[PDB]
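First comes one chain, alone, set out as structure tokens in the form solved without this ligand.
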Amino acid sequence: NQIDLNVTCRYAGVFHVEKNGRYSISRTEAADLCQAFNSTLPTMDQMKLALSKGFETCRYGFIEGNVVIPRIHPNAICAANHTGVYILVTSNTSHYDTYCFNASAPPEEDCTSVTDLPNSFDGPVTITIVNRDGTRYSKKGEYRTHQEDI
């Protein structure tokens, strides 16, 4: 009963979250997840400003209304060499990573570690935030409000 959440640097409040190191988050879980970080799913505009501040990944994730990959540098194996906020158009499947937006985060690049999940609720899951530099923060709780997600 254990969930790893891989989190990135924030860029204008926008960060990426990977559950258990694979595409495994539903749209409804993604909203629940961001709310656990006192965050929301980014708008396209929030995501575009994050991009301009240095934000890029090589992973599909939910924002509000779409599934995207922010790209700065052209790479053939990430969004097929596109740049800008690349929008997934055609896919059979519904599970991806998520982006979240924290409005209290610094305005530009914040590559400090994430040390809490301030809005998780009571629950029996060991939830571990895993930072890129390997730093870990763990707590017992839960964040999923939809039964079909558990």
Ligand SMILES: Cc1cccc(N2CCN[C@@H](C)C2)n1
Contents of the next structure:
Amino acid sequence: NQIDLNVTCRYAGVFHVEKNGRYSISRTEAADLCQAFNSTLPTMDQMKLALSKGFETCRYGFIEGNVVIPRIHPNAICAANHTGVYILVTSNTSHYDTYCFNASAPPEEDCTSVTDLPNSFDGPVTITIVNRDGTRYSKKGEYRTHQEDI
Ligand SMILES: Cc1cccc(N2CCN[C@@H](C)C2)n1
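How about the form solved in complex with this ligand, since we already have the form solved without this ligand?
Let us now look at the entire complex, which starts with that chain.
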């Protein structure tokens, strides 16, 4: 019973979380997942400020109100070569990665590793935070509050 959470650098508190190496997070799960990091889904303004500090990914993820990809450098296979916060407009499907926002993180680029999941609750899952540098933090718990996400 294991969940891998790949996480990034934070940029003005905003970071990306990919679950189990595939688009697998629902909007309800995303809010619960960010809550386990004492975080919330970023607002569009928070995400735009993170972008300005150096944040970009090549993956769709929830923010408050939309599913987006922050892009700095145009890449044909990431958000159809767009720059800025690219907003997904048309999709059949509901599961993506998520972004999270931690107000207590540093104001600009923070590329230290994540070493805690501070607000997970008691539960049976081995949750492993996987940093981009491969360092890992694991803890037994749960963060999903909606049965349909389990
Ligand atoms: C990955 C990285 C490393 C150092 C700086 C940086 N940014 C500075 C602010 N603006 C961004 C376009 C780029 N991004």
